[PDB]
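Okay, here's the structure, questions in a sec.
In this view, the complex is presented without one of its protein chains, the others remaining in place.
Read from first to last, the chains carry the letters A, B and C; within each, the first residue is number 1.
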Amino acid sequence: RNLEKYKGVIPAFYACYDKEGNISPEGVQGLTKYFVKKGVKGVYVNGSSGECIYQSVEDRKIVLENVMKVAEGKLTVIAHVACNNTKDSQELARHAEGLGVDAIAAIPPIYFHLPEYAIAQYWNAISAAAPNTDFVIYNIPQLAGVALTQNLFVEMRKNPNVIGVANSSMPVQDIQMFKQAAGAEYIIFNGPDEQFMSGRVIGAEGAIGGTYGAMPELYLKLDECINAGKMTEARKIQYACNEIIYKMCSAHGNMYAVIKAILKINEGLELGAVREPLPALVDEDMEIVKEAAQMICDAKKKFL
Amino acid sequence: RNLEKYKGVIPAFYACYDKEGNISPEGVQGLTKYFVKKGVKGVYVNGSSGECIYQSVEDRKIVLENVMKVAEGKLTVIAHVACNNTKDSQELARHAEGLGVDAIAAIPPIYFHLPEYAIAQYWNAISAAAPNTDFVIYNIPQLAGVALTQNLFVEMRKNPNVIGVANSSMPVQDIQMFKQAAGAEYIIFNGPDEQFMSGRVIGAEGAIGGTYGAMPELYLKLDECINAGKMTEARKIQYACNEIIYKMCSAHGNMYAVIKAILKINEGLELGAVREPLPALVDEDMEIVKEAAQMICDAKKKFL
Amino acid sequence: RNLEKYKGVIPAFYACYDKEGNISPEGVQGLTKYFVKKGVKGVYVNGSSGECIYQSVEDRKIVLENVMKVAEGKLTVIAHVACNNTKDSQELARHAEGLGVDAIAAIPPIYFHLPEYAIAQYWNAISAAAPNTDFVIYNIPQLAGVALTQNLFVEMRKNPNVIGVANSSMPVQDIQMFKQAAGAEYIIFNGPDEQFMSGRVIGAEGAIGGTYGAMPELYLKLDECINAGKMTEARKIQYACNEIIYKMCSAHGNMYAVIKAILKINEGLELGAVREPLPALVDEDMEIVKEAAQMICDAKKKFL
Partner (left out) sequence: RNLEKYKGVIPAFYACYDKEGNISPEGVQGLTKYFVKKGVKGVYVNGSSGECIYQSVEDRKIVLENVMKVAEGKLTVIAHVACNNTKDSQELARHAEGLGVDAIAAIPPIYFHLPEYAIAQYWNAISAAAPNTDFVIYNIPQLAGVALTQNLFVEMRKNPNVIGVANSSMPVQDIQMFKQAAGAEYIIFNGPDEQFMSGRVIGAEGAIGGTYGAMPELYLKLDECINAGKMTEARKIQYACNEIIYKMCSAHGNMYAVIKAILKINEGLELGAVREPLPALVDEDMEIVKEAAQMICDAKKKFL
């Protein structure tokens, strides 16, 4: 199995709202054009970074449709289709296959801690609604409250559409164990942005992150140093990216609200705000937004 | 402030489905008639037990409408209105006020761990969409991933519609601390069914549970023994209820799937199945359903 | 099996030091005389409250010897004998049997998370070093990092010296499950002082606490109200005891440092300080010590 189109930097795609807080087709297209021009491997659409939790099935369809209008044939497209219930997730998995996305992805069931067999049934029911599309399993125990165990992964590998795991848990051992267990026909994507270099070297051939969109060139360059085996140059970029993450996370407003504001300053992008309950930016946050935006420009000057 | 209508046994209302898996208006009405006949203080509608997580805003409106259509009697109605996003929760809080429910309730934001100010903003935005209705804060850290802290509770007590907390966390100290801090104009509802008697004596004047619907008379009798100060007889009913809970939880199928099946055997109620991803009953579960239904009949005979 | 001598209030015995920080035989004797005069059911010697973690095997022998030298009266003596390694725990279990203590107690192995079979081997090796003495399993997962599971408890009940569990975990369901499973020949001791009344009514016939020593009469009165079925008066004492606990815990200095200081003010007892690494009291703590000591006097006046 050939998974080359999934190897590299795949930024998680942000939610693009107009001035009223509705999904902006124009906004979505503009952010996709930004990603095409920046030369990233692909986009991870309607994930946690895309505020999926807060969107309707229709909101999520519009996002993907407008992503495809611009990225179809140009970028690799992974659409996250998981919803609270199974029927909404199946509708999105069907819709995604209709647009010809490269892969569909799903986080586990949330809120309740469902047994392993219920998680496997949920994922396979989604996969069956898109029977010709590749499938990425999301391991995010911090948020979902349930983890992808080695046994659940063995069970999921029985589904031939399953191409691998997007690992957002903090231990890099999880990436190593998933990779070693699955072998060469599977791909592990690195989830913690702050550990990008560490996840990549231990076996993650993929990378999906929520902070990539704020500085795509830094991650591409980081990935370039990793591939070259230039670890000192990699370490130096990693520390600069993390220093920016910690700054974006020190705000009152949500990290994604900070990022959208940065993209206005650095790129003239109009992405709207964050959907409630995510906290919006306050006046005091503007200095944080400006300092982080400048840290990005300064890190690009220093490392590109 | 008078909170007498909230004191006593308030079973969490189950998700009543037709044979196609859609909300059954007929089904909802029948389960409401059941609770009226059982003489419970009220009903907690569209909570976790009512599979709220898996319902649409429209599904949740239909449930409440059909509950109210029958709750002409002595049912104190608490409608849980919290949804993944704020605008869906506001729509439900408005709709509930239009039907004249006694109170509205909300779990915290889920999946992401939002700061305290974002949680308070979420709850107050819901409360503002129903400005004349009483408000219940739901503390369920096991599932929501965030807890109602003492400071967040002090902050929420600034909202005059807030009448108290529905405490589902395991420490009874949480009930004691919330009660002591809030005083006499507030009510704490006991969430863990298995600790009913323990929560009640330390200060919970209310009780909301997901297993009450399966044996309402046992809990009413338990509450009667508590009020009388009959601790030995309370203990005997508590242990019998918990013995039934552990049996209902030993099934492959979800606890709520087991309960609906029991209500078919013991009360001829047609409630449908559980919505996916909740796991349905399997053939092996039929014996557990039959045995727990009998344990209920035998416990009623022994204690009523 | 008759366990009447273990039913009631059993304060955890504090580490009595001389002005040089060494075990005070005189000090120990004086605190034992205190508990005899206070009319408590017994004493729990060399537990976490007795700073066992920080004592040598010799320190722990001296404490028990001087307790026994005075516990001529009606003190049911439970000696905690668990040490980091097994051989130190066996030496203490043997020594305790030589002094004719009523029971020996043990926390699980700490620091490393040892499998269930290693925990059972540890406890049975201790029990075998005192083959004629009663045995108490201590469940304290917050501190030990391992919990007494239902299966480990079934395994331990094969040892005839095991008389029950001292439950310090926060869920009262743990007391209920241990009691229901073990039956009438076993005793469950209530560990969380702040939930005393809640633990007692759900099935704990015993009570061991670290704050009992600071206000023995309040707990005795609380227990008296419980037994009488006076839930309203029990609640009033419970809330007054918890209000004192939270005040004793608001200090910079360790809770046990605060308690010893209170016993100096209220009972003229000379108990020394707390052994490092436990933090000592600071100047700012004197007011908290003075206020909590007064809260104790005022609560005795109000409830006795």
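As a working rule, a residue touches a chain if its C-beta (ideal position, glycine included) is under 8 Å from a C-beta of that chain, and two chains touch if they have at least 3 such contacts.
Shown chains touched by the hidden one, complex as a whole: A, C.
The chain not shown here is touched by just one of A:37, A:69, A:230 or A:290, and that residue is A:230. The chain omitted from view is touched by exactly one of A:58, A:243, A:284 or A:287, namely A:243. Note on the undisplayed chain: of the listed residues A:149, A:151 or A:173, the one touching it is A:173.
Of the listed residues C:11, C:50 or C:109, the one in contact with the hidden chain in the full complex is C:109. Across C:122, C:196 or C:219, the single residue that touches the chain missing here is C:122. Not every partner is drawn; the one left out touches subunit C at residues 48, 53-55, 84-87, 109-115, 117-119, 121-122, 125, 143-145, 252, 254, 275-279.
By the touch criterion stated above, the residues of subunit A touching the omitted chain are 170-173, 176-177, 180, 192, 194-195, 197-199, 201-203, 226, 229-231, 234-235, 238-239, 242-243.
The rule is short, and it goes like this: only the chains that are shown with their structure count from here on.
Chain centres here are Cα averages; for subunit A and subunit C they lie 51 Å apart.
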